[PDB]
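Here we start with a single chain on its own, the form solved without this ligand, put down as structure tokens.
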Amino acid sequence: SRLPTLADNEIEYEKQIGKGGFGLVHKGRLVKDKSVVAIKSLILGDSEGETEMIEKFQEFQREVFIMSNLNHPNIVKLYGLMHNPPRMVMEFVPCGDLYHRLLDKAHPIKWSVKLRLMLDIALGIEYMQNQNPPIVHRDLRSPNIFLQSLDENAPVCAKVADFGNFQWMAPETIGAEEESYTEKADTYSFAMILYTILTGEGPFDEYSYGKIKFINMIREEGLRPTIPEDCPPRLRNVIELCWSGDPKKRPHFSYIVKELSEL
């Protein structure tokens, strides 16, 4: 739908954040709104294969298409597009990502904030699955959860970002033709996000197997991370149901949100 265009006179540049899949990431600011932005550029890789340049362009376009229709506080917003070099202008999220925050073991996130993070992400995914047709992220993991604030009283704590690691992926998606990724695949990945918030640990990090065996254990033997004994029964049930081997047993997000709110 509606995606405004912005020129260089409308954008102020600052620093270079990093390298992405199709180009560069930059920290900036709108001169109109004075609000801070993250800018993702498209760069065509120098030879890199002929077919590599095509998929780079098509991934950039896919991200534009997906982000331009999503409008929710728990999902990173696309403000606009730029042309000189093609660019996406997205809101900047100031407190890093969930993956890196959880690595700080000396400073555990307190329980009330953990619940806010769980609910925030659930709300974002609920919105995605309520679209027509339902939006599927297809790369849900803790590095793609951006942290707005760790204040338990903030309007928004977490945002879903970087719309698309077998330990995050639903069993029916592993080594499968991509169009087997239903919305229920995101629901499985969400269970693993809930697990990582709860424990501060990487999902499946308690196990070590060769890749073929690992996948077989997940797919055929229902191997899942161990939920701690002190986990609240209602949270345990949500996690367990969300990572069901059978995708149709993974709950609708209205149920997930209700259950999490009662924690």
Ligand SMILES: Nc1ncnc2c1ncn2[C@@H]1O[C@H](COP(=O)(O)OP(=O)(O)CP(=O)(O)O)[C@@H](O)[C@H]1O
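Note that the rigid core is defined as the largest set of C-alphas that superpose within 1.5 Å between two forms. Only residues modelled in both forms are compared. Positions refer to the first chain, counted from 1. First, how it differs from the form solved in complex with this ligand.
Lining up the core between these two forms shows that one residue from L235, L70, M53, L42 moves its Cα 2 Å or more, and that residue is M53. Segments of 3 or more consecutive residues in which every C-alpha moves by 2 Å or more between these two forms, counting only residues present in both forms and fitting on the core, are 47 to 54, 175 to 181.
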Second form
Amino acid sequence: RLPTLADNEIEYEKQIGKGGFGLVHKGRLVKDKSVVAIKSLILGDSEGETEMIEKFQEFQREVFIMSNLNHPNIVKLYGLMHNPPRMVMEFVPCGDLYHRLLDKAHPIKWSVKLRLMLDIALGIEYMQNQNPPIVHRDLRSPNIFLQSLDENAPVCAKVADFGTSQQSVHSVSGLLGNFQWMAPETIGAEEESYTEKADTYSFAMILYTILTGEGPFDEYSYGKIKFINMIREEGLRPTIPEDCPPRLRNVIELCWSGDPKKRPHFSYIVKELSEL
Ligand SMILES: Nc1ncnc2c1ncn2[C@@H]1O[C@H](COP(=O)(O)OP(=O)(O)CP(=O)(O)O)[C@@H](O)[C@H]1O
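What would the structure be for the form solved in complex with this ligand, rather than the form solved without this ligand?
The next block holds the full complex; its first chain is the one shown before.
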């Protein structure tokens, strides 16, 4: 169930849109004075081929997945708008995890890192406890939005951008692109199936990037085919630093296991991370 907002129920402020299927605007709900992000669906008729205009299904997939999710560590969908088709999402004020980690002169302090780690873990835990489980398929640092970087804040990090997300009681397949973040069983061929355990692998890469501030696999340089082979067949993984807490190292290593079934349930992951 998703409520409908009219053009008068919200007021626009500005644009900040790097949108995949349109434009993103900042705005406010007239009722709450609540700050809000507006994601529009813009079909460029003078832009793309009839196969490219299948970004409609992405906008759709997002709406469908978002309508069932209600968790503090997942970006909330307030409602839907028409003409154009628009998603009304809560505004997350501190940017995303990818851009914040680029700032080397200002490293995130240890306690805040843990808040971020646990925040994302709780979000994904929620996703995997759904019936059927939510497979995000695009878990990476740009898709983690930062609510606050204060260690005592209610919510520090939120999971976002469920556009390529799949929710099926059966098996899910499809070759994914962004290989440095994605499970080995998702990057080799479309001809093989995978589960929500792929997200558990992606999460390990997110744990690594928070811990080191560095891009996963940035320490290596291979051609695409050689890179995919190493990850799949030779167990190529980013190097966990020697000073990393023993319990965090174990969580990361189990979460990026080549064998998907060895990647832990998030009840275990949350518990382990909370002991850090
Ligand atoms: N709820 C929100 N709160 C604050 N900013 C948001 C937001 N939703 C989107 N944005 C911003 O609007 C822009 C739109 O990006 P979008 O959400 O479409 O991801 P994307 O698909 O562009 C990631 P990539 O470029 O890697 O594919 C981003 O810069 C993001 O920071």
